[PDB]
Amino acid sequence: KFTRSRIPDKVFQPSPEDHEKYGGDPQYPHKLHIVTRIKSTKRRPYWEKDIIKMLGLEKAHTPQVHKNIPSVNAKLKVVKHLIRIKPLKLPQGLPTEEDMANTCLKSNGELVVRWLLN
Amino acid sequence: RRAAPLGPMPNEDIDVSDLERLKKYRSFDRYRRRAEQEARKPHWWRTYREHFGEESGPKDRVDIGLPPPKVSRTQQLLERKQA
Amino acid sequence: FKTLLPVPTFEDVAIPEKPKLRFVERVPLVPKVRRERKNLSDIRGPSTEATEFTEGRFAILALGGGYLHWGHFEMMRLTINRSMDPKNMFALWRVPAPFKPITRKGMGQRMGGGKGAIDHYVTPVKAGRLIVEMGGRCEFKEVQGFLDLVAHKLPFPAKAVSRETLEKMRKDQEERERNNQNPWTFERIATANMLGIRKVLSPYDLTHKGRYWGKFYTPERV
Amino acid sequence: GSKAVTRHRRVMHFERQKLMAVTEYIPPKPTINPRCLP
Amino acid sequence: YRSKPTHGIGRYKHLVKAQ
Amino acid sequence: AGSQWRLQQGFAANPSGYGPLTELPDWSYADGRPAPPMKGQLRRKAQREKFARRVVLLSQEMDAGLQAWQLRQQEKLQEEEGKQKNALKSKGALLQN
RNA sequence: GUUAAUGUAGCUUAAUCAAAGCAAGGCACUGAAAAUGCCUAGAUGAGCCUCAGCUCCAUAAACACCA
RNA sequence: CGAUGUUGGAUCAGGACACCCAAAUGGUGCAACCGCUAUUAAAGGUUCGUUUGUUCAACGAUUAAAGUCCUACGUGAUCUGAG
RNA sequence: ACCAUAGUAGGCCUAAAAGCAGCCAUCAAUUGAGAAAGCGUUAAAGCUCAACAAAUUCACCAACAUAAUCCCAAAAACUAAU
Ligand SMILES: [Mg+2]
Ligand SMILES: [Mg+2]
Ligand SMILES: [Mg+2]
Ligand SMILES: [Mg+2]
Ligand SMILES: [Mg+2]
Ligand SMILES: [Mg+2]
Ligand SMILES: [Mg+2]
Ligand SMILES: [Mg+2]
Ligand SMILES: [Mg+2]
Ligand SMILES: [Mg+2]
Ligand SMILES: [Mg+2]
Ligand SMILES: [Mg+2]
Ligand SMILES: [Mg+2]
Ligand SMILES: [Mg+2]
Ligand SMILES: [Mg+2]
Ligand SMILES: [Mg+2]
Ligand SMILES: [Mg+2]
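Chains as they are written, first to last, in PDB author numbering: chain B3, 35 to 152; chain Bb, 27 to 109; chain BQ, 30 to 251; chain BJ, 29 to 66; chain Bk, 48 to 66; chain Bo, 23 to 119.
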């Protein structure tokens, strides 16, 4: 039978080189995910279709942001072949309430707070 | 998919090889005893004692007492033996 | 001019009586009455039992999976028995006599009607198992020469091997897999279910690691 | 449909074929051939 | 239960041979 | 084509997304008075805002979560001492010695 | 005569209610065992001391020794 | 299945080559004549009768030979109808 | 490529068994050549192998016919391609 699939935890123990490679900090995990749906749910099992629905990933090539907490990481782990995950970065820091209109999200995965001054 | 026992399994101690040379309790009662002793030990798996309220289980007792009377062990022993 | 070399000497080889291969029986002495379903799963994947040498230093090794029936046994027995020196060599069965009932229906039957009747018996052989084990005061080369015939006439692909040859190819096998340049191995991909690849794979694959497919085993597969 | 095990070698689902083709062994290739070295 | 650590805790028959 | 290059340089993989090409108000009156804004940019503003608002919210919730956990830890550590300060003075075994 | 240890009943408890559990025995019961019932013997190695300390004796494990 | 009319002949044959004949060769337990094998070659050939509805098959007489097959067991809006 | 002489037809069974139907020993001369690994003889004789000397590129395994109307895109080993 084709079934769901366990994914042994050894997969998710990162090697020391990986930090260098994908550009994460060995010390501090990132706070937020940018998830994008790269592939299609057609031809995939219903349970993956549902996960993709409940992550707000319905529409392709649209970014969506999620907490980096384990509860979410479980679902992302299930559908990880359908998606692209990139850590959200805040060079200018979090937006205040004056900056809400001017926010924009750049493809390198970083959120710029002041967009197009004069 | 097998898991690994946490700590000792109960009967894992005795040798299955050569059962005939092992001493058995032919008494129902000996068995009963051994069993009740086994039921008093703190096992690593979900047990009756755990759910049904041993009432705080292990408890370090703050004791406000009168100090126990001091009596000689050996002397007392001798006297009782004699009696 | 050429300098000599010390010749391999066997003082430690003890030859057993009846060095030739025992005759094996067409049908077991207690013929199975109850017709068994066919596990094809007993030909499939790597072998557990009979993977190692016991007394002898030479063997025939099975590179595929297959079924050995009585014809095959006869062939091996006759060929090996008249190709060896009964004084200096001895042979041994590493395979049991055929125990597994296999049915047939009369040619020309329609589909259905019941199971068939028991035609003959076979032995299942999983890849990596020793078929026949030859020891003796022999060097490997002679034994190799005639054993490769037998090996070639078996149903599965097979080789003639020694202890040296076997350990050689096992160390080569693992050394090939720690040498590997490309990051992507069947194991790594399957276990982690990358690309949802589990959809196309069988569960058994997690163990087989792409090395065994059906009854076929390709050693080149890392 | 065919049994899991079979005599005739059993064509794979295309995706599995891709998988097999990707995971092939790649022998390490030395920068300089040891023979053309001194 | 096979998946659990406590599996085969009730296993006995290997202790008594009656055949 | 050439999305990969556009990505390395930090632009949008598609020239349509978010560059100056798209965002700017492609026409204006001859006098110089601004034109009524553009439907596309209006919607893009709205949902970009929506996104930011969400980022703030999740960030805050996660922080408040961590603080709440740390607080519960402090409460536990404080109760452990709250048992000792409130306890009676042990007597019986110590008085004979 | 030298080193590492000891001397709880046959094996293992306890040494602040207390020398404890199990083996082991007898008789009864059925052909033997076994179970069961009614019963049986038991120890802190020996001499002083302080309220663990000093020796002795003996075993044990070695070495030396002796024949 | 609101029909893809079925055996053997007749007529006309299209094709394969796994060659029966004709051609060129290798091996022979090939002296010669015969043969037995194997390779290459498909342009052209591959009989007439007695009995069977017959295909096969037996038999008579010959042939350089009387090939093995495929074509809706070729071919009934061309024939036959013995089965 | 090169080369091959000695106890000796080694002892037996057999019509004959001379290295070479079979059984048992497997010693020994010469720098060097097995009581002989293949062919051969009725038994031989006779050809080779391993042995000296002579020299020295490298040398383990691997190859597998075919159908019926007419083959079936055309073609092409480098000007920079995640
Ligand atoms: Mg074969
Ligand atoms: Mg199926
Ligand atoms: Mg639109
Ligand atoms: Mg006492
Ligand atoms: Mg019809
Ligand atoms: Mg019609
Ligand atoms: Mg024609
Ligand atoms: Mg031809
Ligand atoms: Mg001809
Ligand atoms: Mg023709
Ligand atoms: Mg037909
Ligand atoms: Mg027809
Ligand atoms: Mg007709
Ligand atoms: Mg017609
Ligand atoms: Mg020579
Ligand atoms: Mg041919
Ligand atoms: Mg063409």
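Heads up, some of the hints might be wrong.
[Unchecked claim] FRET-style restraints, in silico, Cβ to Cβ:
1) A30 (chain Bb) to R51 (chain BQ): 40 to 46 Å
2) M140 (chain BQ) to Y74 (chain Bb): 54 to 60 Å
3) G79 (chain Bb) to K144 (chain BQ): 56 to 62 Å
4) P62 (chain BJ) to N142 (chain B3): 43 to 49 Å
Read the hints as simulated data drawn from the structure, not as lab findings.
C-beta: ideal position from N, C-alpha, C; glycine also.
Going through the hints against the structure:
| no. | hint | verdict |
| --- | --- | --- |
| 1 | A30 (chain Bb) to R51 (chain BQ): 40 to 46 Å | 44 Å, holds |
| 2 | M140 (chain BQ) to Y74 (chain Bb): 54 to 60 Å | 58 Å, holds |
| 3 | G79 (chain Bb) to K144 (chain BQ): 56 to 62 Å | 60 Å, holds |
| 4 | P62 (chain BJ) to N142 (chain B3): 43 to 49 Å | 45 Å, holds |
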